[PDB]
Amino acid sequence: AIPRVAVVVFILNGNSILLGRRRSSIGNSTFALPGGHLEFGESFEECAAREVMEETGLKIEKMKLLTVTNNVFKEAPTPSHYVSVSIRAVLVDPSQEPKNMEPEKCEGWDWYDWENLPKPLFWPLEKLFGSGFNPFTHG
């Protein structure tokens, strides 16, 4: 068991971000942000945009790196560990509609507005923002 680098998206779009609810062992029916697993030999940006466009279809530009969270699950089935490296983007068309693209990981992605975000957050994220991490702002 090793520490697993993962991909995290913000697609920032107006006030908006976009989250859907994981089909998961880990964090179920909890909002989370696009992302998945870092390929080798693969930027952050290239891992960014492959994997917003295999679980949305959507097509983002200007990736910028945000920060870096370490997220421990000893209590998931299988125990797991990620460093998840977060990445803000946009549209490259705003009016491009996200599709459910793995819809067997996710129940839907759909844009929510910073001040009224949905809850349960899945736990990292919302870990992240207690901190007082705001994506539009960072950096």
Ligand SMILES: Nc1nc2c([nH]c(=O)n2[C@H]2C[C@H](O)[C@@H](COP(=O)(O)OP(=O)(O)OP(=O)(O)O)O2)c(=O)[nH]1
Second form
There are 2 protein chains.
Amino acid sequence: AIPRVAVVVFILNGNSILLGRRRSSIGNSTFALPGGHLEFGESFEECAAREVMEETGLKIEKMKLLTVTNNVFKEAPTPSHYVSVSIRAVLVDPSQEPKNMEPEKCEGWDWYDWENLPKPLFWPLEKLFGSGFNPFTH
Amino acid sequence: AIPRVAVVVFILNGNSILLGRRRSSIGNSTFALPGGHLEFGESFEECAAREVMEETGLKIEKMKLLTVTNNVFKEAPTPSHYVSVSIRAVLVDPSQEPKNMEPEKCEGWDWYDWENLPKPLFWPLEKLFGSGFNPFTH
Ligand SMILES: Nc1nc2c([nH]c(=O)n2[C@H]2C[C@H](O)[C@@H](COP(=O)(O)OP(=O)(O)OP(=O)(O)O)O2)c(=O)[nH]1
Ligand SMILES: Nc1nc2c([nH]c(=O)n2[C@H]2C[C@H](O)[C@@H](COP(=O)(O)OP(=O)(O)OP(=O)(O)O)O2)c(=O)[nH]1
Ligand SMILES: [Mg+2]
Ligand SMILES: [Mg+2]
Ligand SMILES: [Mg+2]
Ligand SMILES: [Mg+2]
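Please supply the corresponding structure for the form solved in complex with the ligand (the preceding block corresponds to the form deposited without the ligand).
Complete assembly follows, chain above in first position.
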């Protein structure tokens, strides 16, 4: 039980962000960002681009740190504390279609408009958005 | 070997911040902020107050997130990668003096004016400042 670092990516395309339904013990079936565990020696930007590539195939650019959130899943059956570093990015090719590279972990990735976000959102994302956080302007 | 989360605290007192020379494997003899490892189940604000109390005896309040930095210590004798969450705080009692609670880990804590910081600064702290980061106005 130690806090673990994740990097999560807001890929902005027009007024939309990329989200996908998790297949996981935590946040199962909820809509979440691409992202994953930060590796030893890795920068935030390296992690963001690598995770997006592994999960979606998408090539990203203009990465920028947004914020960091503390996410303790106190009532999970196994200890889960994540510190999630949010990165903004855009596509090198805004017409590039997302692929579902890891179907065991995600139902598929799709674009959602900022004014018509899907439900249910993964709790850390719900919590961050409930605070007023806006990845387009932060 | 994994990235580990630390919380570091900019205690603002007038135009000064608290710094102390480290006694450590990492950043030995360099001036650094109070702070340390985030514990499982702890918030960033709770960690800031706890670490400051442990290291300095100071009572702080109005803890606010500033930023996060990614610091891989290639010079360390063991794999050392810290994701360092910066918190701003102030003293509950502006007359309270710091105390060197852990003299085996620090040479002592003092206040330094923003325009006349001491040298050598611990390099992650120096890098943050070199970017234009100002904890008073951020
Ligand atoms: N993927 C994703 N993870 C998030 C979000 N918000 C958030 O706190 N996290 C935290 C909780 C996740 O369990 C944690 C690690 O990400 P993950 O569950 O996608 O793990 P992963 O398999 O991609 O990690 P890896 O094996 O690729 O290193 O990051 C989000 O919106 N998306
Ligand atoms: N104290 C402190 N640590 C910093 C700074 N910048 C930075 O990257 N770190 C990283 C490097 C340290 O090896 C790492 C852990 O902090 P630390 O050495 O003070 O750890 P600690 O013993 O106080 O942790 P704990 O046992 O009290 O919980 O945090 C800073 O300005 N101050
Ligand atoms: Mg992944
Ligand atoms: Mg993932
Ligand atoms: Mg400590
Ligand atoms: Mg410390």
